[PDB]
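Please take these sequences and the hints and turn them into a complete structure.
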Amino acid sequence: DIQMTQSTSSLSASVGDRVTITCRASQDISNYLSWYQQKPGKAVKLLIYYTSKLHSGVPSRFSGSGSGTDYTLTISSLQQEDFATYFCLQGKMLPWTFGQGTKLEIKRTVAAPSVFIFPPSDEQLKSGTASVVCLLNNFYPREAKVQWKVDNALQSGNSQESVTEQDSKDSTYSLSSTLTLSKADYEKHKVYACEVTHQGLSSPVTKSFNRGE
Amino acid sequence: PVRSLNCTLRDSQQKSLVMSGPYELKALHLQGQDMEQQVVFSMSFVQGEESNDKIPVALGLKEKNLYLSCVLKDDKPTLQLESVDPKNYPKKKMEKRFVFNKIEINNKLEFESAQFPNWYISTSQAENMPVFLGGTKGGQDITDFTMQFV
Amino acid sequence: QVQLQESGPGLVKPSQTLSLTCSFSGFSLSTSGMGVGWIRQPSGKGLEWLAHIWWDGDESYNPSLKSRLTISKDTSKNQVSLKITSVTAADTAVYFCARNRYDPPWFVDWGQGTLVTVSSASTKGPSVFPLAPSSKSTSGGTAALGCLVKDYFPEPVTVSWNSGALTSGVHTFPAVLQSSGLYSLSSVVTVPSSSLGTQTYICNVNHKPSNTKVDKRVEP
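Residue numbers (the entry's author numbering), protein chains in the order written: chain L, 1 to 213; chain A, 2 to 151; chain H, 1 to 220.
Because the hints were derived from the structure by calculation, they are not lab data. Cβ atoms here follow ideal geometry from the backbone N, Cα and C, with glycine treated the same way. One or more of the hints may lead you astray.
[What the hints assert, rightly or not] Derived pair list, reagent style BS3-like, types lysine-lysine, alpha-carbon separation capped at 27 Å: (1) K65(A) with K109(A); (2) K66(H) with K88(A); (3) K103(A) with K138(A); (4) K136(H) with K183(L); (5) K136(H) with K188(L); (6) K136(H) with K149(L); (7) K183(L) with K213(H); (8) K92(A) with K216(H); (9) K126(L) with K13(H); (10) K45(L) with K83(H); (11) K77(A) with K45(L); (12) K216(H) with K126(L); (13) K66(H) with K92(A); (14) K107(L) with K45(H); (15) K42(L) with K213(H); (16) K145(L) with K207(L); (17) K107(L) with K45(L); (18) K66(H) with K207(L); (19) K94(A) with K66(H); (20) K145(L) with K136(H); (21) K45(L) with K124(H); (22) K208(H) with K42(L); (23) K39(L) with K45(H); (24) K77(H) with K45(L); (25) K183(L) with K124(H); (26) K13(H) with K213(H); (27) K39(L) with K208(H); (28) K149(L) with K42(L); (29) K45(L) with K103(A); (30) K66(H) with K126(L); (31) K190(L) with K136(H).
[Said to hold, decoys possible] Chain H side only, calculated, beta carbon under 10 Å to chain A, not exhaustive: (32) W55; (33) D58; (34) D91; (35) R101; (36) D151.
Given below as structure tokens:
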């Protein structure tokens with residue numbers, strides 16, 4: 001098998017930057033190389049074929065170069081819509097093999113999250129479980145410290161986080177954190193708080209509610 | 002091991018095929034003293050459509066780790082000479098671009114590209130011109146060859 | 001012009017045979033040079049080439065699973081099938097079909113893909129709870145509301161708002177696998193506080209594997 005390798009697994013770059021993505025074949029592939037772009041929730045798209053040929057409909061800012069074993073996909077001036085994972089493929093010898101992929105993130109100005117807290121619904125409480133949801137909306141960078149405090153006691157191991165893929169228009173992320181307690185445990189406490197530490201916030205933001213309505 | 006044979010090929014007009022470059026063949030008449038320059042092919046019998054008038058083959062250059070292939074280049078079916086991995090070739094199941102349909106017609110041979118039907122290994126009537134893939138219906142270029150065993 | 005679409009059973013037990021179909025239009029697979037390939041992507045991993053078939057029925061397989069694969073075509077139905085025998089959890093992935101013309105292949109058109117989960121776990125529909133907008137959010141500003149889609153298996157779950165008429169400000173989060181082996185996700189939307197209020201907000205949840213459908217009104 002011809003082994004294909006992409007040395008960069010992930011990176012971030014700013015709009016306007018000249019971006020280079022490399023692919024190395026374990027042996028001569030005679031320029032039989034193509035580049036594919038994978039965006040969240042969209043079918044994979046062919047960008048470049050036969051090392052340097054642009055697929056019809058692909059913007060001219062995308063180009064390809066190389067020979068023998070070393071290949072490069074270049075984005076001359078990076079755009080916000082270019083956030084995707086890029087894969088190379090060799091067609092020199094069966095089995096056809098792909099590179100591991102390079103995930104390209106868009107760097108943008110720091111943007112503080114809008115924070116919201118949701119108590120469990122009366123509907124869920126009737127079932128014996130309590131889920132408390134904290135929402136961080138449209139922020140950058142992805143990195144954030146989201147902590148749960150119940151009656152001023154820091155919670156550990158009873159919450160799960162989920163983050164959206166980078167937004168295609170504003171390059172931001174959104175995050176949810178869900179604290180799960182039994183109905184009985186939930187009714188034993190009053191103050192439920194979600195505390196957010198983020199590069200965009202001058203000091204941590206806390207959103208809270210008192211169970212007693 | 003895949004069934005193969007060592008042979009030379011000469012076109013209809015008796016021009017010999019020579020290695021003019023690392024990835025190129027040319028056709029020209031060779032005088033009795035220059036005959037040794039002609040390329041020796043290792044023709045292998047690959048998978049595909051079996052018929053006494055049309056059989057799938059791969060055309061390699063004997064012990065040179067080079068195979069003839071047909072690829073689309075700027076929308077035109079193009080003949081190429083490609084270097085291959087010595088540890089993986091010859092093999093029964095060749096990549097599609099290496100496959101030619103060997104046709105026996107009027108005591109001669111024609112080699113049709115398997116993926117580009119109606120395109121054949123061809124030579125120019127003129128001397129010392131590259132061997133190419135030709136799609137002309139019947140005119141100026143030569144698509145008929147004789148085979149001599151080595 | 002050209003379209004490829006994958007379909008399959010969604011959830012299969014380990015050791016079962018998995019049958020996938022690639023329905024295509026806008027081209028003929030009997031056209032000289034035409035080919036269709038199958039590629040998969042396990043969660044968090046890259047693309048893996050599996051199998052291919054040419055217009056002349058010449059099949060190609062990845063040796064890392066060749067013994068377990070069978071690719072076939074039906075030019076009367078315009079379909080390419082992929083059969084994977086003795087599946088394991090390692091075969092859980094999104095499966096794609098893609099087309100090419102000529103070797104070496106440039107995969108010009110790809111399908112959206114079909115998710116296959118290989119598991120002995122039972123199908124279970126989610127419970128859907130409203131995430132009501134706060135009474136002290138923002139006075140004449142922005143309010144957030146949503147739906148919690150809890151304890152379901154397998155993926156995926158379909159979530160829309162106001163039957164697809166509300167898309168702006170919507171974030172349907174990726175599902176998280178809980179310790180119980182069931183998934184959970186929330187879907188949220190930010191709206192003006194001024195129309196909380198006057199405008200109806202309904203989350204449309206459809207967990208197609210269990211045929212569990214819930215439309216939930218989200219009120220202040």
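Hints, one by one, checked against the model:
no.: 1; hint: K65(A) with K109(A); in the structure: holds, 26 Å
no.: 2; hint: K66(H) with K88(A); in the structure: holds, 20 Å
no.: 3; hint: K103(A) with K138(A); in the structure: holds, 17 Å
no.: 4; hint: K136(H) with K183(L); in the structure: holds, 24 Å
no.: 5; hint: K136(H) with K188(L); in the structure: holds, 24 Å
no.: 6; hint: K136(H) with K149(L); in the structure: holds, 20 Å
no.: 7; hint: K183(L) with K213(H); in the structure: holds, 26 Å
no.: 8; hint: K92(A) with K216(H); in the structure: violated, 61 Å
no.: 9; hint: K126(L) with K13(H); in the structure: violated, 34 Å
no.: 10; hint: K45(L) with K83(H); in the structure: holds, 25 Å
no.: 11; hint: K77(A) with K45(L); in the structure: holds, 24 Å
no.: 12; hint: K216(H) with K126(L); in the structure: holds, 17 Å
no.: 13; hint: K66(H) with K92(A); in the structure: holds, 17 Å
no.: 14; hint: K107(L) with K45(H); in the structure: holds, 23 Å
no.: 15; hint: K42(L) with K213(H); in the structure: holds, 25 Å
no.: 16; hint: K145(L) with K207(L); in the structure: holds, 14 Å
no.: 17; hint: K107(L) with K45(L); in the structure: holds, 23 Å
no.: 18; hint: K66(H) with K207(L); in the structure: violated, 55 Å
no.: 19; hint: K94(A) with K66(H); in the structure: holds, 14 Å
no.: 20; hint: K145(L) with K136(H); in the structure: holds, 24 Å
no.: 21; hint: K45(L) with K124(H); in the structure: violated, 34 Å
no.: 22; hint: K208(H) with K42(L); in the structure: holds, 20 Å
no.: 23; hint: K39(L) with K45(H); in the structure: holds, 14 Å
no.: 24; hint: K77(H) with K45(L); in the structure: holds, 25 Å
no.: 25; hint: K183(L) with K124(H); in the structure: holds, 22 Å
no.: 26; hint: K13(H) with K213(H); in the structure: holds, 24 Å
no.: 27; hint: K39(L) with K208(H); in the structure: holds, 24 Å
no.: 28; hint: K149(L) with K42(L); in the structure: violated, 39 Å
no.: 29; hint: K45(L) with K103(A); in the structure: violated, 37 Å
no.: 30; hint: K66(H) with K126(L); in the structure: violated, 52 Å
no.: 31; hint: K190(L) with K136(H); in the structure: holds, 18 Å
no.: 32; hint: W55; in the structure: holds, 9 Å
no.: 33; hint: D58; in the structure: holds, 7 Å
no.: 34; hint: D91; in the structure: violated, 24 Å
no.: 35; hint: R101; in the structure: holds, 8 Å
no.: 36; hint: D151; in the structure: violated, 49 Å
Hints 8, 9, 18, 21, 28, 29, 30, 34, 36 from the list above are not met by this structure, while the remaining hints are.
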